[PDB]
Amino acid sequence: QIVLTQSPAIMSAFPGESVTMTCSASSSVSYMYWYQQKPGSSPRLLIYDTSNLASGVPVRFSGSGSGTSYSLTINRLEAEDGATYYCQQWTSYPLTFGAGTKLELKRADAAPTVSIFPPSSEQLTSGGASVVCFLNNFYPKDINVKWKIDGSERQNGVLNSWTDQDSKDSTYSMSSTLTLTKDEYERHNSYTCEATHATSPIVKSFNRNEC
Amino acid sequence: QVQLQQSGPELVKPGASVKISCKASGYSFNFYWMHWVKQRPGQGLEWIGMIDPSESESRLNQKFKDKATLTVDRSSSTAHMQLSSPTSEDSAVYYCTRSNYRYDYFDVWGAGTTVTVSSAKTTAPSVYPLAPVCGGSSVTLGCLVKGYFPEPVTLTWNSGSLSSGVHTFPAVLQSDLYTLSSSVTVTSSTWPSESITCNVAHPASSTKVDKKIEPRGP
Ligand SMILES: [Cl-]
Ligand SMILES: [Cl-]
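Protein chains in written order, with the working numbering: chain Z, 566 to 776; chain G, 920 to 1137.
Hints may be right or wrong, so weigh each one.
[To be verified] Chain Z side only, calculated, beta carbon under 8 Å to chain G, not exhaustive: (1) 608; (2) 610; (3) 660; (4) 687; (5) 690; (6) 699; (7) 701.
Source of the hints: derived by calculation from the structure; they are not laboratory data.
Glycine included, C-beta positions come from ideal geometry on N, C-alpha and C.
Pulled out of the complex, with its shape left as it was, chain G reads as follows:
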């Protein structure tokens, strides 16, 4: 039951410090060093530094000497990393990870916290149904989620009850807004007699939308 629980996605504006947290459970917190690792697309994995929770001794990668501050709260078995004066270079997934007691390896990892450093405005998506035109063994429908910021959105089909035959495509950023889409394929006799609905949530804008895919007609 060894776990590291990381905080949710953060949006911060440039210059505004960000603090992320990593709650340990299922082990004796003070006995193990906690490390932090940065991951950006194209830039692999970068070690930020490490902290000994027993007496808060820390060591940082010189690359991050003026950027990252590592602390622990022994009473709540939580490690924190704070990033001073963030820039877009600080946008990344940050992992906390515990080092093995005996060996030089990382033996448990958190799920990562995605940090976006941007001056862009939080914006709600528009969710649009994709139905085929007027008029095979199967039919493909879709859902276009256009124009949101920041990530993420979550998208399901029929509340999660339709999970096979789905491709949800990674978002793409264009001019400060993201767009994502999803396809679902069902037997040709399934729809439109059985309803198919796209459910989209964008937590940042407190957006939750259900969009029924309706057949097109004259």
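Chain Z with its partners taken away, still in its complex shape:
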């Protein structure tokens, strides 16, 4: 029942920065182990017996510590290093991991490329109507997407999904889907999706049945 407490929970840095994350154990441990988990893959051993690098782990990674306090350092972060990092103890059963530090990357601010799509004919035959907007290749992650129907904000029926940070260009992308009934879709004219963060918003719109 050795509880491992990792801080910070979430962090980000530019490539080139030195980053350190800590793992505090509720009672003394003999060694700390560190695992790296990139989104969508299995955890992989990074550092064992406190400071020994696993086979193939580059020299930018180091581990240190003793007693109840341990740390992992990445000296000159690289874009590929985005992952969640877990410490792990093998001093007493049950074996435990910390809750992880999710490390992401910083880059230059980038505006999204925004594309809007009306309901397909196919969907309309089923009696439903979804309007979709893609906000692609932007930074930072925390963008606001706002839907308007005939110029009134619509918040109900909006489903958003972000991609994991891109491991090559450090951008995010998101898809926003507004679902209405066909009946409701057919009684309004303009559909707009608006992307804002800090200043001018990016606005894409269409008018139903105006071809």
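Please build the complex by placing chain G with the ligands on the supplied structure of chain Z, with the hints as guidance.
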């Protein structure tokens, strides 16, 4: 050539036991302990327990004492984990992972088995084309995969031949059904003269659909 091969995604209804398998290869099976690890969103990594294949000695995390049963089939170099009376709390990715002979670490991992414990019905998606309205250097098209259960679906563009400029967004669950979408961006002169088709498979419902993205007109 050290590997751990895990079984595919499982859907089970609450109360119905689930068994997942982990086939080892490229090493001498009896010499190494096999561990199991549970991963749920927001809940990091939890160690379930371990088993010695040599004589099937096992040790479990007390948290899972009445939940998980670990066995091995020495003849087929396969470890199994069985979960009794599952609830939605048992939905997770489960990894098997081998411990190093000399050191206290996990040195090879399987790819994980995703277990969904749900009473929701297996449902086929509807796949809808996303083309821009009537009428830049590029054009973005898309594909909306709406209303399936359980995960996963697989989505490709032009059978896998269009792989760059793609964003396929993680599914989102709403009222027992998932919805996913994908975007593809090409040079503005590429489409519609070159066809672009979304290929979607949902193995659970034996659904395989190709949807050509057609331009919108009057
Ligand atoms: Cl079913
Ligand atoms: Cl749905």
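Hints, verified against the model:
no. : hint : result
1   : 608  : holds (6 Å)
2   : 610  : holds (5 Å)
3   : 660  : holds (4 Å)
4   : 687  : holds (5 Å)
5   : 690  : violated (10 Å)
6   : 699  : holds (5 Å)
7   : 701  : holds (6 Å)
This entry does not satisfy hint 5, going by the numbered hints stated previously; all others are met.
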